[PDB]
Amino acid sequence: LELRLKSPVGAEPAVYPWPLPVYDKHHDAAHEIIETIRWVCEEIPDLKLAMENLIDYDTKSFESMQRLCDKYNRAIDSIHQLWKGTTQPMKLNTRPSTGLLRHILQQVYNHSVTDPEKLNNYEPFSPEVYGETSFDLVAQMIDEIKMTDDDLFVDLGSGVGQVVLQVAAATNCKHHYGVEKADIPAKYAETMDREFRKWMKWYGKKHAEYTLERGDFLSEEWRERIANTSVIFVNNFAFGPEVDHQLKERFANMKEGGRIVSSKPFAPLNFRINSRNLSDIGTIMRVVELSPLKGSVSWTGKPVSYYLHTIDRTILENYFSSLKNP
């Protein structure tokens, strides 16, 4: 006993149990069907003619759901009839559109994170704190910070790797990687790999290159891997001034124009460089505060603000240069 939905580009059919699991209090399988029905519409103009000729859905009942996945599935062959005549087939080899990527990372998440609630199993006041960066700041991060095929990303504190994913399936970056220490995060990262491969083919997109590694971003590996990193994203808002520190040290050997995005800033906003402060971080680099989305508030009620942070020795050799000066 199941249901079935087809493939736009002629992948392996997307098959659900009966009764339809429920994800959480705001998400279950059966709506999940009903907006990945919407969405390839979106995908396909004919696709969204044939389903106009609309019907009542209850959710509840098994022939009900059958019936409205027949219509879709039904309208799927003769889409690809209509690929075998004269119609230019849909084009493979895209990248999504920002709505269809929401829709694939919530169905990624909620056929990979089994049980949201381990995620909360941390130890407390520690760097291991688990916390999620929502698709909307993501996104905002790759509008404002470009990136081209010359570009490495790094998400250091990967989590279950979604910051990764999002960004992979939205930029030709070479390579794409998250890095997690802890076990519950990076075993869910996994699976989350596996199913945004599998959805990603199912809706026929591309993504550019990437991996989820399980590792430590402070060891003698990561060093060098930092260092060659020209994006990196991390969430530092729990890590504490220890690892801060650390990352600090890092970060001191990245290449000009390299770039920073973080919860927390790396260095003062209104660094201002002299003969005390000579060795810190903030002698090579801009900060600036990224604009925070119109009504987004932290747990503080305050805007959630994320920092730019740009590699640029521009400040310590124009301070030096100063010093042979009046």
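Rigid core here is just the name for the largest C-alpha set that superposes within 1.5 Å across the two forms. Residue numbers count along the first chain shown, from 1. What changes on going to the form deposited in another entry:
For the listed set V304, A11, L308, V22, the sole C-alpha moving 2 Å or more between the two forms on a rigid core superposition is that of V304.
A movement of the C-alpha atom of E213 falling short of 2 angstroms is seen between the two forms when the two forms are aligned on their rigid core.
Relative to the superposed core, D244 shifts its CA atom by less than 2 Å between the two forms. The rigid-core alignment places the CA of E190 less than 2 Å apart between the two forms.
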Given for the second form:
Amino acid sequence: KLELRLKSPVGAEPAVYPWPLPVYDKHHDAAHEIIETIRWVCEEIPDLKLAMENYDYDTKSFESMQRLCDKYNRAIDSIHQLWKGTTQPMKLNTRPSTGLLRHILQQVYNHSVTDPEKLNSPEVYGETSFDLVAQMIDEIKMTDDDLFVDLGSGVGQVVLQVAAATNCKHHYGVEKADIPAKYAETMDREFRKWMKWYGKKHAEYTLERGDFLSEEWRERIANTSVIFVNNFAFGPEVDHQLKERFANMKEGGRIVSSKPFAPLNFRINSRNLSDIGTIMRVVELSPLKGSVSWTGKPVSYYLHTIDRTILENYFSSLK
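Cool, the form deposited in one PDB entry is there; where's the form deposited in another entry?
Excluded here are partners and other molecules; the one chain stands alone.
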């Protein structure tokens, strides 16, 4: 029946929406996905922006929606034309800006998480931690050297965010529970599709089914240089096993978490000598003012860097 279609700015399969356009949740529907996508594409292509200094808008009239899609598609055609002339294509494979990325990931999520219901009351998945993760990404400089892992990666959004944002040799997510691992497969597909659609590049990444305490993971963890773990509700048993597995990490390796694995007020003495606190610097990271603020209360986060010289110094300090 009735449809709206958006042409990709790089000639990928157009995006096709049914009318009336679905609503996703109380604060998201396809209408606004459509508008937001159009706006984002104008940011990729200043030229497209120039073509469309015309658009507030009526999202419940199909006619009003279709003029918008039409103007956009037509300007797209116009742009593709320009690129046959001496004007060169928009720089091919760049990373998406943050703004675009937040959009894309919203899009991927909504197209992948059909029924946001099979996900338990409490924020045990982190639904709007995008800005938070974005902050982390800003602070923890990463490079083609690093390997990244999100321990208990959920449906994968954080892995996708980092992979989109950084140039690690590889990013990994590992998830035990079956239903989110299922969703992650679609997330993965949706993500690849939308990134092609906007013609934006991403670092290599993999989503996996697995337990991060499983024998196999001991080795991998020791090999990972950047670990993100949202351990807020892990408690005693699991924190310990993790500390265990961290102790084998190379010098420089980083762990970013919600609960600290050492303490910050930690100075090295006779009976704390096998405490992990001896092989790692720990800092409290500044929270975001607009923090999701778990437990109706402002909460911050922790960067641990594997630094053995801390130990070495305590053996130099015995002459």
